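Enquirer: Below are the chains, spelled out letter by letter.
Protein chains: 2
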Amino acid sequence: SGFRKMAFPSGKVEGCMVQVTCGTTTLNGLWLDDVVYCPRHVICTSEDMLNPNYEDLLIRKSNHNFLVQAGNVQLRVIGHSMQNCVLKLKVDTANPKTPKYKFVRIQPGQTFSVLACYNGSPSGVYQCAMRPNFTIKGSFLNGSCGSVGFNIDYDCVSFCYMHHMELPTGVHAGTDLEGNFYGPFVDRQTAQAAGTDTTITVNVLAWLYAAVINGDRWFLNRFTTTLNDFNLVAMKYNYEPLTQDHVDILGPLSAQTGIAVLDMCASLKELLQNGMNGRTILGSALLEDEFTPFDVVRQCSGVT
Amino acid sequence: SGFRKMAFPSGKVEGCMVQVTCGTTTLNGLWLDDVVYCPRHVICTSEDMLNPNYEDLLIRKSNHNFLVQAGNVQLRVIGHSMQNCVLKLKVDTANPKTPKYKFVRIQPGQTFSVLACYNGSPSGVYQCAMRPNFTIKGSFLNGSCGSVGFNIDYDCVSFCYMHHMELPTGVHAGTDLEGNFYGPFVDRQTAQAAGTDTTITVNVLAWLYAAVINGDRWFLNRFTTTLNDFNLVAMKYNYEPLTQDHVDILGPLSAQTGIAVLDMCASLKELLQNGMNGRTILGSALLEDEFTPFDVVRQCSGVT
Ligand SMILES: *CC(=O)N1CCC[C@@H](c2nc3ccccc3s2)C1
Ligand SMILES: *CC(=O)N1CCC[C@@H](c2nc3ccccc3s2)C1
Numbered sequence: 369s370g371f372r373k374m375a376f377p378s379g380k381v382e383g384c385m386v387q388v389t390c391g392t393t394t395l396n397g398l399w400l401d402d403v404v405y406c407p408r409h410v411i412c413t414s415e416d417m418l419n420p421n422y423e424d425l426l427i428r429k430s431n432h433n434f435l436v437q438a439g440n441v442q443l444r445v446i447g448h449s450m451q452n453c454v455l456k457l458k459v460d461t462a463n464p465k466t467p468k469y470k471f472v473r474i475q476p477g478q479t480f481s482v483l484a485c486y487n488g489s490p491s492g493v494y495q496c497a498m499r500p501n502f503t504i505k506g507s508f509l510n511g512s513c514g515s516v517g518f519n520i521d522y523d524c525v526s527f528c529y530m531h532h533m534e535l536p537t538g539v540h541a542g543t544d545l546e547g548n549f550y551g552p553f554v555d556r557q558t559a560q561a562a563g564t565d566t567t568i569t570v571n572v573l574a575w576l577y578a579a580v581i582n583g584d585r586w587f588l589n590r591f592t593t594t595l596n597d598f599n600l601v602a603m604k605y606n607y608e609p610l611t612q613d614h615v616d617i618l619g620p621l622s623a624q625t626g627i628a629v630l631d632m633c634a635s636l637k638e639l640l641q642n643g644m645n646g647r648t649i650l651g652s653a654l655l656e657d658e659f660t661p662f663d664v665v666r667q668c669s670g671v672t
Numbered sequence: 369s370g371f372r373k374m375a376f377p378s379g380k381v382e383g384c385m386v387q388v389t390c391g392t393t394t395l396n397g398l399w400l401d402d403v404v405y406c407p408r409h410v411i412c413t414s415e416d417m418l419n420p421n422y423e424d425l426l427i428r429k430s431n432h433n434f435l436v437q438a439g440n441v442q443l444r445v446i447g448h449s450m451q452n453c454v455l456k457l458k459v460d461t462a463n464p465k466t467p468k469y470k471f472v473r474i475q476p477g478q479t480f481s482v483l484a485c486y487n488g489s490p491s492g493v494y495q496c497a498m499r500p501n502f503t504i505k506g507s508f509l510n511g512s513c514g515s516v517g518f519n520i521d522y523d524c525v526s527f528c529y530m531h532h533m534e535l536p537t538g539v540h541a542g543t544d545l546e547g548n549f550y551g552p553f554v555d556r557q558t559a560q561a562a563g564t565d566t567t568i569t570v571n572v573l574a575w576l577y578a579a580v581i582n583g584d585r586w587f588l589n590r591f592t593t594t595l596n597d598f599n600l601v602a603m604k605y606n607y608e609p610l611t612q613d614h615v616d617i618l619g620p621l622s623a624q625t626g627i628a629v630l631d632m633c634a635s636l637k638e639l640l641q642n643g644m645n646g647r648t649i650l651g652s653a654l655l656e657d658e659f660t661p662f663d664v665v666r667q668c669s670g671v672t
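Line by line, the protein sequences are chains A and B. For the first sequence, my numbering assigns the number 369 to the initial residue and increments by one for each residue that follows. For the second sequence, my numbering assigns the number 369 to the initial residue and increments by one for each residue that follows.
Derived from the structure by calculation, the hints contain no laboratory data. One should not assume that every hint holds.
Since copy identity is lost for identical chains, a pair holds within one copy or between any two.
Said to hold, decoys possible - Pairs of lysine to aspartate or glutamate, DMTMM-like flavour, derived with a Cα cap of 20 Å:
no. : residue 1 : residue 2
1   : 505       : 584
2   : 429       : 544
3   : 465       : 523
4   : 456       : 382
Please build the complete structure, drawing on both the sequences and the hints.
Expert: Here is the structure:
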């Protein structure tokens, strides 16, 4: 029993984190096989942080201008390229701790763990979601760039995120590991406004199921609703629309708890319409939207 | 910017987790040097889970009755003893991944990371506090026993907790790594009621400082108070008393933010007396008490 905001063990990703220095700029890299992935803004000289032309900036850089340090040993860079907003540094040594890995672009609502790093040294691990406005509400100081988000499937690390940006509102923008930004964000020191941070309705429902499963049931009402009706209420409260895909994905939680998805929808509707009245659900005064259905099943079944 | 409930990287503790089987009972062990630490209730045969005499139960056990599996290789047990509520199994092989480690008994209010494990395989990592009633609000299924709580100081793992018990109210009781339970709990299937789960006042204050530091300032009031006055209010709201030690420990946060500790006390008092009025602080509708002052400084300074 008990439900916790839980990250994947970080061990496999700790073994991949290196320091990358270009001139006086230092941030974190990801060493997989003989390639080190890092944000290309490592090449920005504390001056061109406004309107960089990365192609032109890069012409001035050589293999030997990129300093890669894994523990307290330097890696030899034998090649470098730009793919979108990342640099791939070819090193002469394969990372001996390279786990089974993929690179995957996640959708909004998807949760992942972040290993926050400084000078290639990991400092902490937290659980995140990709927000519907393609930001993440991270924790990231200066030098945290190149820190990565990931999911683990048994022994395979799916890398979904690399850290690049803090928006002036203190939320976070980053790329997949092909260096394509999630959302409309650019690696440029420019007014960039995030859109509406809507609540991930499907994740709230999974977490309401997680609560029932752990004994917190006070919010279970006598009512049901329809997808159309529920969705009028969602719209009003800045909740993402519920699709038949969301209902299908919740099936197993529905099954295990014997609460129809649409019944749980009607419970959510009342909690939105009436608030918590000073009560809590799994020790929270608001509705948590950063556990997926897949996350709840994992933590309510002890998957490793 | 951004403040997150952050665990230590789990890598160093992942490398210590093994499976321990006695008869048909399996749970997790901690392999440091040539010793495997596990909860002694590994010896309870799905029947004596009510009134075990561990000394007598243990007479019937031999070195070869304890099956220790590290990855998919078995360790040879060359000795076994009981220290309080843990077993120490001497194996013939030193753990090659044994980090620098201590064993430390923490005080209530102290935070630590838990690597939740099943059959010696780690499934997730979360941040905890030792509650003033000496419980922890964990997430733990069957087979999670022997999962450990820890702090990391640079490269030294201070192990503070080993998991043993779920109380009938779904909170968690465990031992330090000398096998002494935190609080009055016993490794026995018996009515055990936890006491009053009070709020860790010092941790709430640190987290209010963390908020100021991250831009959430709406709750900063025009008032101050005294330790005595504030403590009348704390008492009424089931908050732990604030000592001069707590004030001293908050000094540096006070310094960095230029908000006197007692001024922040008066802000807390108003939030207790008036509630949140539907607002949030660092994306929370209640007052978080599971970040220590030491935790805030770490995450608001990028320590690795
Ligand atoms: C996020 C981090 O740790 N960084 C440290 C190295 C330089 C820094 C940059 N931020 C920007 C923003 C816009 C353009 C260029 C750069 S470099 C990233
Ligand atoms: C917590 C866990 O994973 N366990 C699995 C192995 C046996 C189980 C026990 N619980 C109790 C409680 C009271 C007395 C004896 C035992 S064995 C622990």
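Enquirer: A separate judgement is required for each hint: does it hold in the structure or not?
Expert: Against the structure, the hints come out as follows:
no., hint, in the structure
1, 505 to 584, "between (27 Å within a copy, 14 Å between copies)"
2, 429 to 544, "neither (24 Å within a copy, 53 Å between copies)"
3, 465 to 523, "both (12 Å within a copy, 19 Å between copies)"
4, 456 to 382, "within (19 Å within a copy, 29 Å between copies)"
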